[PDB]
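Form solved without the named molecule, single chain, as structure tokens, below.
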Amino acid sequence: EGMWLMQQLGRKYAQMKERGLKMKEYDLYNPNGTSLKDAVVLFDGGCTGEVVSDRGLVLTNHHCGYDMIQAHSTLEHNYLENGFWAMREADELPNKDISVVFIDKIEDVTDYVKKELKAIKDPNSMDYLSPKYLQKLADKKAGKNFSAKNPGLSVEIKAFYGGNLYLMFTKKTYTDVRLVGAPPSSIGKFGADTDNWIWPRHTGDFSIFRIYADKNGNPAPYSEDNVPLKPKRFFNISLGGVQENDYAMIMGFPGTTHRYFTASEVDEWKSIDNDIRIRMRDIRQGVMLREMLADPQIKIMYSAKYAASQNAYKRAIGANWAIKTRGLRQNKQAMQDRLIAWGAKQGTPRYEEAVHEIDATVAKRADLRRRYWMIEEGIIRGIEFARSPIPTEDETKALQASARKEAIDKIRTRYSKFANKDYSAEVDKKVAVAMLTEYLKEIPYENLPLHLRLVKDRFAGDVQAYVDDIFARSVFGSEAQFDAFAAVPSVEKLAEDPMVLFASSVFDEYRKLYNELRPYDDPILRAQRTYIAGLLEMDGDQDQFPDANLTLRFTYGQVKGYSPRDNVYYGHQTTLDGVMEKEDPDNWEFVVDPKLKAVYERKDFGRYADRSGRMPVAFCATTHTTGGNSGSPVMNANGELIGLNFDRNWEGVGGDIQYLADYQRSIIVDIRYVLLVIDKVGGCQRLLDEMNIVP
């Protein structure tokens, strides 16, 4: 059920032993020694990774190393579509702008921070949540010359439990992290967008990197003289596999949760955030789909835009299903009522006052938040010409010296990026007419961005005429219209440009709404400090984990499937057979790699198939994960690596507010399938030989 602090391992160890954990407490996490914790990394700032060899080899997801694989891909060597397997350490590709962070030490600094905070004076100060203030405190505690006295190391203080607990992390950062291996996109992204958030899942979501360091193992940026890192701890790979009900645990960096939402915050998330995103993206995607299906050239241009929009749309559908069917609102209401009744018993009314403050703030910002989500989903991300060029003050005070030619070249560059190879003005006019029609019916005249008032005033409610006029008269309506402007550019032309005025007034309204809504965050944040303090004083730390905040956490559970609906059961494990069932040569998502199809036909599974001769692919567990847990190591009862976390099912997206024991599962790629792909697809035996594989 939780995403636990490392400090909480002691308090949970007894329950973990009852659930099947066999390894000693300090072999997993030791606060003043080496443990398994020392093989877990924050990969490229938002993913998890793990060290799997004495020479710094690292495993993470394919979608985590995707940008590094794409940056090294050319028409001649397409590593993204064909995979990449460096046959020697010297062939491993360096990557610019990459990092791996180890959590060297973690210390509770709550009393220190709470004492420093007593010197504030303003009771409404938000310094208790300020990264700048907490960094000043971290520097004061670690020392002035800390990064110079301890190279590669840095410190950081984070707030937990709404400002009721503080931890200082000593981090070791390596920036020479090289690409070692990756499966083809047919394996790494098999389900592609169709199978995203889906269980059963048949995706071999992995990529391999290697940490490089100086001669002493200290962090150093890319240098041709860098040598692989010999780490203090690395994971052993298990080949025993998994069985139903087996104990499993994960370590990683879950990003965000909202476990202490009030019932009113759940209502707001459903009725404003989710409903607006669902309604607006459904209109947008609907128009985009008709156009993509009618013109194959539009399908090529709008496919990535369509897929990007669908991702958070599917998350919202999954979240709204949980609110509707799993009683998320009711359970938050029961949580806050239990605290209010206990606070009445103790004679302390501050907890009931805190819930009231949150409720009143949510109620007060409802119309503004609705207007913000309406313009953001509807126009800012809904209409492409909302992001068309707007002349800067420097560019206008140049058009009215030959700095006029400098202004037109900068504006031209931005116009070229807006109307690129993937931009269709005809498809954009069709999307805008549908998106604006919905927007104009939901936002009243007195609340509209200034230019949108012209629909009623100048165009007599004709949205198609308003959009047609924007393109017909704008200098950014076509290439010819822009070149005519660039030949005779006047600031008067730009000041009255219908597309410039549209983009300007929709962005003005978007910023005005953002600025008006920002003040409402602080009273809720301050009230949550009191609210969570009461919940902890009443029920304690065990069941009540702190919200995820991109810090190292552990979660445990079992390898177990679930029933998604009446009379249907999804087991705990998928197989290579399931990849072959899904094979569609004419669907780019479900194409199967010929070397992999051959392994399946010949049963060339070696030491990786199960006791029944079936080749596993993925498995699912009752662990509690969220975004940031991509690439997380999955451990046995003995701490040996059995898989990598890569997703969670859609029925569990509401798990960021309330864990769903009967639906929520972590989708993990089996480590036996990872080794099968490295071995029989990549032929990279040197990586298998480098790992410590246990029978």
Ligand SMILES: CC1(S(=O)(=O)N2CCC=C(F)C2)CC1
Second form
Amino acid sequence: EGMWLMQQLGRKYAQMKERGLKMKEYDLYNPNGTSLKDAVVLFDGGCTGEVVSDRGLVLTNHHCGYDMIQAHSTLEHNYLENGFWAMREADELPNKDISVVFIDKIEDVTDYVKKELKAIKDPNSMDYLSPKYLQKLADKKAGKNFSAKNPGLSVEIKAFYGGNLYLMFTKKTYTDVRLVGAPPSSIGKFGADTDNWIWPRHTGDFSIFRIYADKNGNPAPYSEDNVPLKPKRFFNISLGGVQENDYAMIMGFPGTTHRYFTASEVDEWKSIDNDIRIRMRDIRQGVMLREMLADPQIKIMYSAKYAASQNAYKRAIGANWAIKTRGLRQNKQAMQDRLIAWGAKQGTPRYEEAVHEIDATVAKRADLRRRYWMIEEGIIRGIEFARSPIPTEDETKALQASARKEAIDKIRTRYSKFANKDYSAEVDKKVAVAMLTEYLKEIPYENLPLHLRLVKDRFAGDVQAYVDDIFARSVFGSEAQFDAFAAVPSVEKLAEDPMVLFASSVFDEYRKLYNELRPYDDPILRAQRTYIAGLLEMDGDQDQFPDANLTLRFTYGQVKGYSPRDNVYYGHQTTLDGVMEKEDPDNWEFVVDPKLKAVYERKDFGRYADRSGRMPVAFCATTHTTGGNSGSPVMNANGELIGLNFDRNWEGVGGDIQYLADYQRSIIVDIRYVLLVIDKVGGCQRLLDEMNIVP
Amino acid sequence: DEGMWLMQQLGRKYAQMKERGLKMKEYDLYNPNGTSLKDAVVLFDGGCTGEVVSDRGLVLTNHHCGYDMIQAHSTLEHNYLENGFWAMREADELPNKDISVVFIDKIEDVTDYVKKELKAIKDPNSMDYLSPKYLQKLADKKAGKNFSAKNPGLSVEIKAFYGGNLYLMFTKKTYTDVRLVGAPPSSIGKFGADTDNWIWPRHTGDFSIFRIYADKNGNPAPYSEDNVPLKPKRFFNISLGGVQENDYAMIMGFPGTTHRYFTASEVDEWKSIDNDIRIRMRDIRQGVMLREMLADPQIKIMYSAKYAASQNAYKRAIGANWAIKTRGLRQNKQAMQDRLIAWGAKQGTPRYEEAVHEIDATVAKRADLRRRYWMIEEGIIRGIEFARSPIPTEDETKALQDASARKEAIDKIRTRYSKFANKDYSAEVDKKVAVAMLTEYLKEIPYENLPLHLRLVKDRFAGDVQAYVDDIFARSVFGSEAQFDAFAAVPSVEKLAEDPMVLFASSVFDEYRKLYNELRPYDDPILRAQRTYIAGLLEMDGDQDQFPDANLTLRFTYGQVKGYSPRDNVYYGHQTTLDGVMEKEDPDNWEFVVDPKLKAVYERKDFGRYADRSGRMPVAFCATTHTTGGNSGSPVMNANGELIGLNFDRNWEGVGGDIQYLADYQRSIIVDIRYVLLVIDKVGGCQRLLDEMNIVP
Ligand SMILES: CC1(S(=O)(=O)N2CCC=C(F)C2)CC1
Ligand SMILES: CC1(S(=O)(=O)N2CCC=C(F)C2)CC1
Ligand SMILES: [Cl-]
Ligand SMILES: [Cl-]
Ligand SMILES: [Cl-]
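Having seen the form solved without the named molecule, can you show the form deposited with the named molecule bound?
Below: every chain and molecule of the assembly, starting with the one above.
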């Protein structure tokens, strides 16, 4: 059920041992010595990775190394669709703007931070959560010249439990991380968008990198003279596999959770955040689908935007299903009622007062938050011409010297980015007409962005006429209209431009709403400090984990399937047979790599097939993961790598508020399938040879 | 494979059924010379199956089986289709016009009789051995002089089995006063609606209740206010013990058609002509309908039923093609014929290999014609609504070219025009469907093979299908109401003879009939060769593990209550529960609305004796029994012959089961009798129905 601090391993070890953990406590996490924790990395600031060899070889997800695979892909060498397999270390490709972070040391600095905070004076100061304040405290504790005296190292203090616990992290950052291997996109992204958040899953979501360092193993930026890093710890790869009920554990960097949400925050998340996103994205996607189906060129241009909009749309449907069916609201209400009853018995009213504060803040910001999500989903992300060019003060105070020509070239560059190869003005007019019709129905005249008042005032409520007029009269309505403006540019024309007035107007309202809503975050945050303090003083930091905050956590559970609906069971493991079942050569998402199809046909599975002779692909577990856990190592009872976490099922997206024991599963790619692809698809024996594989 | 057996075959199957869990005595299930459970099975309304469940002629069948009767008694005041119907006294049970219930009184093997009569051969190619007229003349000869008058209510029928190698005479008792007694609301009776059609897991309460009425002596009689409920020879006991995984289950019913003795060439043809054309043309048709229904809520109202009707056989063809592709249907037919050919060679009898060769040669020879037939049938005859636009008859045309019969001909044409262009017909949607359907048709069928009017696309319109379709509506008398009324005011035969829509409709129907008439002669050689082929198969392996094709006659099937794995890592269990209904609830979707009385029963856990050991309320179960169309409403029996459910469907992974049964995929979808009795009790409040049934603990 939790994403536990490394400090909490001692207090959990007995339960983990009872659940099947066989390895020694300090072999997994040692606060003053080398442990498995030392083989886990924060890959590129978002994902998780793991060192799997004495030469700094790193495994992470395909979707984690995707941008690096794309940056090295050309028409001649398409590594994104064909995969990449460096046959020698010298062929491994460097990547600009990449990093891996090791968590060298972690220390509890709560009493230190709390004593330093006593000098605040203002009781409403948000410095207790300030990265700038906490960094000044971190520097004070580590030393004046710490990073110079210890090169490659850095320190960081973070708040936990709403400001009730502080930890200082000593981090080692490496920035020369080279691409080593990757399967074709047909394996690394088999499900593509259709199987996103879906279990059963048949995706071989992996990519291989290598950490490079100076001659002494110290961090260094890219240099042709850099040598592979020899790390203090790396994972052994297990080929024993997984069985139903086997103990499994994960270490990674989960980003965010909302485990201490009040019932009023769950109602708000449902009725504002989720309902608006679901409603507006359904209108948007519905118009895009009609147009993509009727024009193959519109399908080419809008496919990525349609898919990108569907991602959080699906997430919201999954989250709303949990709120409706799993009693998320009720369990938060039972949590706060229990604390309020305990606080009454103790004579301490501050907990009930803190919950009341959160409820009152949520109730007070309701109309503003609704208006914010309405403009964000409806216009800011719903209508493409909302992001059309807005002339800067420097650009207008240049049009009215040959600085007119420089201003027009800056505006033209922005206009070409807006109206690009994938932009259709006709599709955008249709999307805007349906999105604005819904927006104008939900937001009243007095609350409208100033230009949208023209729908009622100038166009007699004709949204189609208003949108037609924007394009017919705007200098950004067509290339010919822009070139006619660029030939005779007047600031007066730009000041009255219907598209510029629309774009400026909707961005004014969006910022006015954001700035009005920001002050409401602080009272909730301060009240959460008292609320979480109350929950911990009552039931303890034992069965209630601190919210995820992009810091190193461990989670444990078992390899186990689940029943999604009545009379249906999804088992714990997928096989290569499921990939072949899903094959569709006329659907880009489900095309099967010919080399992999041949391996399956010839049953050339080597030492990677299971006891039944079937080739495993992926498995699922009752571990508690969220975003940030992509690429996380999955370990055996002995701490051996059995897979890489790459997703979680949709029935568990509400797991960031309330973990769902009977539905929530981590979707992991089986390490045996990883090695099978490296071996039989990539032919990269050198990678297999440098890993320590156990029978 | 795992058959639909003749009642005659129960004797030689009994030992296997007993070993599979059957506990009842052989003759208690079927006895040719006495009362048996077979006597409680009926052919409900000529298509479905039913079963007598009380000593007062109460009958259970499916909701989709009694649907037309429930609809005929429904008005905007007493809507029985939407709210259900529960007659609180026998006098309140509603009579139904044109309904029937057929009992199978006796069944007799008349093979030697028919085969001896057939020896009086005028031609060895005579198809009389399969002729309903010929076999009826033989049936009447055996039964006697005016049998129907001497034995009222009774009738006799001879049917061919095993391709003409076995004949059975059936003595049938027909009752035509069958009254509606009870029915759940449509929200239960068709819970899945079209979404869950052919789907397992399934949560549908597919049942309806009727009653057989007869004269004072229990003899068949048409509706009369003086008719009294039938006291039957035999009725089923209802079991409340339920079902468990692996339990023995059996069904009796009237499966309609199977193709178990198809050659590999017939499976290839079924796939590449029948199924591929139906899939291709229906996808074009449905695609255009969907775009129009989504853009106009009034077009959704008008085209919803046509869209759903087209999707039905479309989905079935997708499921059938999946089995051909994944379950080795072709290969198993090839292995069947290769094995017979090898055995025939060893015996010195070449007639079996010659018979298979005949079938293959006929299939290869009719390929282009059959492709052209399915192309015009799926593409135009079904695909385009103005293909069924009015065509003036020879006598209608004649009446227009000097009497008061001109106004009679115009009123007949107007009546047909109003039926074509009705409240659900949109000329704009039809022009769009026709433009896409004809574009595909013209791409597949060459100029020399086109219906004569479709040649105008190339000749007169320079290949512009949109212009050709636009011209048909712009110039036709049936293109709009105003165009028709202008014709009706000044009707000339010359105008009708040149009408572009009339010429299109006539032209496509000419080609459709020319193709049908050319293809008909090819059925006979295949049929005659199948007589030799099935004779060989039976002489080689026996009528023991190869059942005769279904032909709308009484059959039994047995298996077990068992689920299956549809795909990797997914298991569908053997039983659905009331929780699955509540999980599927969607108040803003007519298909998944949950009846308020039922939702509260679930909330209250008011399940009585109808819940399982764990306290869960069962809804439906599935079994490895071999069923097909005609088996809707079939009784499902226990090891003891007690009613445990009613068959109402089969899963799509098993639609290829009519050619080859699929042990690991094919399941009969049955509504649990405990859920039937729960709905009668807690939703209908009809205690009198529960009281007249014999329910066992
Ligand atoms: C809309 C759904 S989905 O498309 O299955 N979806 C999958 C991806 C993520 C989710 F959260 C949900 C039925 C719930
Ligand atoms: C995509 C499919 S289907 O075509 O909707 N299916 C529906 C039920 C009847 C069938 F025969 C097939 C599931 C296979
Ligand atoms: Cl290291
Ligand atoms: Cl012979
Ligand atoms: Cl099978």
